[PDB]
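Let the hints inform the model, and build the full structure from the sequences given.
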Amino acid sequence: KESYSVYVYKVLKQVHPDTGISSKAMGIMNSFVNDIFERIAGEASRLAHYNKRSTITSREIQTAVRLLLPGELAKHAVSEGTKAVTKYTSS
Amino acid sequence: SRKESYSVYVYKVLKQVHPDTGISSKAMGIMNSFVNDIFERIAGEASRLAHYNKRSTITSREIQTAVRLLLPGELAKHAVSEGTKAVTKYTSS
Amino acid sequence: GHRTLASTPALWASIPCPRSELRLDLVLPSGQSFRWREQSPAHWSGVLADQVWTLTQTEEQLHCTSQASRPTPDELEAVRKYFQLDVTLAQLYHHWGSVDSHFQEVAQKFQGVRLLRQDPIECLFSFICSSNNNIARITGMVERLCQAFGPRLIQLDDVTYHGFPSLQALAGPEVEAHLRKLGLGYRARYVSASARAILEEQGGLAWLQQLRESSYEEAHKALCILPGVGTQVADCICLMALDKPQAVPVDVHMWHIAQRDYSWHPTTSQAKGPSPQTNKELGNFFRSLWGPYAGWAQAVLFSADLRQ
Amino acid sequence: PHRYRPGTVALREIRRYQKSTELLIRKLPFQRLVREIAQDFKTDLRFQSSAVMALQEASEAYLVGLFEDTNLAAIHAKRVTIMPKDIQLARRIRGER
Amino acid sequence: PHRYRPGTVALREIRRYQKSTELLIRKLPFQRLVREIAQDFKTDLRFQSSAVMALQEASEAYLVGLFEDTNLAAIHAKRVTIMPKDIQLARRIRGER
Amino acid sequence: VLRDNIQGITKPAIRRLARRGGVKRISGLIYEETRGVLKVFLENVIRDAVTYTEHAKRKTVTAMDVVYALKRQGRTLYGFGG
Amino acid sequence: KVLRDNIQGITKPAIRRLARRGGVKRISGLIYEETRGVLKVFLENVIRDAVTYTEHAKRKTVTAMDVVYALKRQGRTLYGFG
Amino acid sequence: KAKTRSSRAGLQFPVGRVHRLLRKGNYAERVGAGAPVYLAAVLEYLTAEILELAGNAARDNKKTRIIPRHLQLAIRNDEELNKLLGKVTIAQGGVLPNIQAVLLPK
Amino acid sequence: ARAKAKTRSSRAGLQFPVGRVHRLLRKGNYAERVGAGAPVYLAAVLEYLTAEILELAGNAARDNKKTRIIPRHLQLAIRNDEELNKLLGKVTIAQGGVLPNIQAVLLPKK
DNA sequence: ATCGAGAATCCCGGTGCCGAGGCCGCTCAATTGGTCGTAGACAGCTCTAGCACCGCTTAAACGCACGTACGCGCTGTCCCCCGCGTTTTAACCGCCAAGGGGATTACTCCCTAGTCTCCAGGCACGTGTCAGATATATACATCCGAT
DNA sequence: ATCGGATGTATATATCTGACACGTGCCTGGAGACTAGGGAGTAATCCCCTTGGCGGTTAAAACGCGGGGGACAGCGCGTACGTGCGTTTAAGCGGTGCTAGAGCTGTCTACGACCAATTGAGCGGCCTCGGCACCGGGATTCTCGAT
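Protein chains in written order, with the deposited numbering: chain H, 34 to 124; chain D, 32 to 124; chain K, 12 to 76, 83 to 325; chain E, 38 to 134; chain A, 38 to 134; chain B, 21 to 102; chain F, 20 to 101; chain C, 13 to 118; chain G, 10 to 119.
Please note: incorrect hints may appear among the correct ones.
Simulated restraints, written as ranges between beta carbons of each label pair [claimed, not checked]:
| id | chain 1 | residue 1 | chain 2 | residue 2 | range |
| --- | --- | --- | --- | --- | --- |
| 1 | K | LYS198 | H | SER87 | 36 to 46 Å |
| 2 | G | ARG32 | K | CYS241 | 36 to 46 Å |
| 3 | G | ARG77 | A | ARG63 | 25 to 35 Å |
| 4 | B | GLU52 | G | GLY98 | 39 to 49 Å |
| 5 | D | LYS120 | E | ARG116 | 58 to 68 Å |
| 6 | C | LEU108 | H | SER87 | 38 to 48 Å |
One-sided and incomplete, this derived list gives chain E residues near chain F with beta-carbon spacing under 10 Å [said to hold, decoys possible]:
| id | residue |
| --- | --- |
| 7 | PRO66 |
| 8 | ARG72 |
| 9 | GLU73 |
| 10 | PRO121 |
Derived by calculation from the structure, the hints in this document are not laboratory data.
Ideal Cβ positions, reconstructed from N, Cα and C, are used throughout, including at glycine.
Right under this line is the structure:
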């Protein structure tokens, strides 16, 4: 069963290096990540259909981020996304 | 441009329901958008079952399940009966 | 340009053959061979025995023609063999008519539909292109396939005739990609794939040619191995290129004919519509109805059903 | 000088504005308001008239629903006149907040 | 002969039940009721224990939200008690009919 | 399983739920109303869950189907798989 | 092209008429300010999404389709227009 | 001669068009044969219900046309249609006439 | 020869799996084709949200003198932040409980 | 509880006006053709998780007694909202003009699906091991009934 | 205002233990290279749809000005709901067994595939006479001032 358990555990070490997490909380984070993935992917699919475009590119992923995430959270999320894409393209 | 719609088809249904009743353009637009909304809901849920059961295709039973999930009460029963009758008649060509 | 009986009289030779024994207009464009064209009214041109010919018929004669002289007796024999003229169609029609009154009704209006002796290789790949398709398109596909990979023969007007491609050529590199650009669709893979299987796994040409001495059961079995060659295609080849006169191809046309003209329905099968089991049953049905030359009787109704 | 009951004209008004289906809001001031709201997100932005009409219809429907809910809230409080308390309760119960 | 005043241990245990995160509804009665509801739509349905737990948690969260909104409706009418009128009101604004 | 299981949610359970909800004083007529509300919500969820199970050609109701049916009604639930 | 003080454009009679359509019998004086506030909030919520949809399509005007999509995203689903 | 699928299934909504949008809409890479027919039948039933109710409402108001007021009124008076359409506004639809009891004069 | 395999998550400096997200997107039939930058963008967004949630939950756990994250801490993290509450207003967390709040007049005479 | 003046409302017929619908033109959109390869329906088979059942124990329900504080009824007070009349005003409708951008169309190019050939990142699996449950013992925070 | 009795938490400590965290084995999903082609970015165009202006009429907004009626504060009462307690019961807890269905595998009947002819409905263009808003008028019913 494909999951995000080890990745969330990796991120937890970055955030609080000396904090443990229960398996129930691991499952909740897994479900949360799956739900947010489903929301963004589905809404970006709606943008792709609305613009008569058959490719899901980063522009409408960013638009979906701006639509779903709230105000100040959206600015940080879009900043992280642009930073990641620029790093990927440069490297 | 060629904007497609269900206006003529709604008119055909209207003629076999109330033969002597007219209808306005605004009402026709509302009816077309209603058809589009119900179509999109049912198709979305039918495709959603396909992922939930790991099915790679949409058959006539996913549509029935989606109708039973969406339509409340006696609409579900009568729509299921209508769909079963229609698919049976189509198969018995 | 293409010759006509009236323009170059001293270039045609005849073969005794009454219209009741052969109707070119009912055989050449009916999906048996896809290489004949009525370039001029009542005159059909195509490749026969590695050379070009034009054929036209009167009431009791079949007229045939860088040729600069009339066809020789040896060459004319090539034509008789292609049309299997030693087989008397009148005797066959009589028999089929006697055991099937429906055939008798149709046979009154569609006389002269006989079967063509054919080359195994040409027949195999032409019918591999026949599948899920219409005669008009199939004809084009086969023409482009021969122009691209077959030997160049002679040119008449703006038409350049080509011999049928060899196994080695069809098995060549990038043939599939070429045939897809020529519009063969997915059958492009079938052609490439089957040429190689025959050459690299089945023992080359000899394997396909030996089938003519093998039994229908064996032959049909052997062909089903090749990509693009299931039951309908295999039967087509057995009947038209391997001398299996009892082979009966079952397509959509014979599916409808059985249903509306004989009120036929599967009994041993489980499915109520076309399936590998029902198709096989329909074939036996026709075999028990018409006999040893059931495939030839099939050719008559198929040709007649095209005229709708 | 004959004068009506202070509430009877109000109920007449209820019946009159629940009978018909006109807009009840002047179009041009609403359009000006919409453009004023829209300028802060993106300057030099044009509007299609149908979009403005859609906005006005949706806003009217939302306000009518909100007023119905807050009327229920006021009635539940053994009252007739609505209060901002009622509106805030309607928004909290609905979940907009 | 010592007694706490009404509304003191009533005001308490609110902190206790907001502190805890347990279920507050007995498992077996909810099992029986879920099976009873199930037998109407289809006869003899099997239920995983996880399914019953998920149903219990969903219904309990729903009821907690409903009781919060009921408390809002009750506090609105200058009442500390909650009456069923509050429940129909909260359902009506929430759109549950 | 047969009958009279709605009394399974006794008065103290509802009282405890209301205490968690921030309710101080509960009238007598609350328990019957909330029992009815719980019945309505439970059947409205169970209908969709059983529909999912029946479409799955199963006879056992999984937690996964209950989660999906809850997601259909806008009450997304976390912790029982995705 | 600056627009200032247009929230007052939502006149008191218009709010009165909207409340009348909502079946309200008597209106206080603070209701006008409160409903101006809630209308401003709701229009900001809608226009944010509408302008993002317009900006995505590389268009410089807000079409009705964008408003319909923005409303359907929030859960309004207005028919008719488009 | 071609015999269209809608007439073959005794339906008016175009089965072919529903099938086209089902394929193009990217719901699954494969769409079964009977599913568009079932969808078209369901759409027929819903449209027939809403038009017969709208026509009844229109004749109630001595009107030979259907206007958005008629559609909104027909949707709101019916119960199951209202539940299906509980989260929708209708453009130019107005509201159902409803006056609370305590607002009436004594 | 091949120049050794390095994951795109390392290429973009992410911890969340870029390739897994790409696979889910392409087999999730969300569109006919999937762009190159979209999986990286979405993985970064998911990583940022997870980092925010975990940071707030860790703060809540520290304030409760537990070193292990439990769903009660997740509930406090979600509903003690205004924006996160708005983002996840329509979700129920199993074993999450409810945040503590009491209405003012319920409190006794001062 | 009626009479009745008066105002809002309902019914009937004429008038004209624009739009719903019918008809024609033209055009792309389902439909099908000499099928075969291929995924889902179905039977097979294991094994496990759900069902039933019983006995023990004790924590929860509950039936009951009792007191008290809350909801509700009732009252007078007063302030403020509504009906109404008069006075601005800017909304609306009609008309006109100018140009910005949004569909379009043609063109190219390069980004990505698909595919072949690997390989290590991450998923079962097993095992140490300590954060937390848990029982026990003390510290103090706060209701509360007098005082 | 206050004070200790008494509950009810807060705080601290010893002692297990089973979820948590870690290393390990292994393979399958991820990655690198390479190729073909079509989705998409870009330039030119036109036309049309939006913005803006200008002016005349007037429906509607603003505003003052009563006055009654509804919001609201205060008081009483009696009853319905809390707190506490002895008693019952049934809900967990723990076994033990039964087994029917859940899930994974191994075979062969319904769709995709290429796309070009083939109509044939489906939409655009364009009248056209009728449904219905509006007016003009008169009669009906509701409403509040009077007894």
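(message) To test your reading of the hints: which numbers does this structure violate?
(response) 1 and 4
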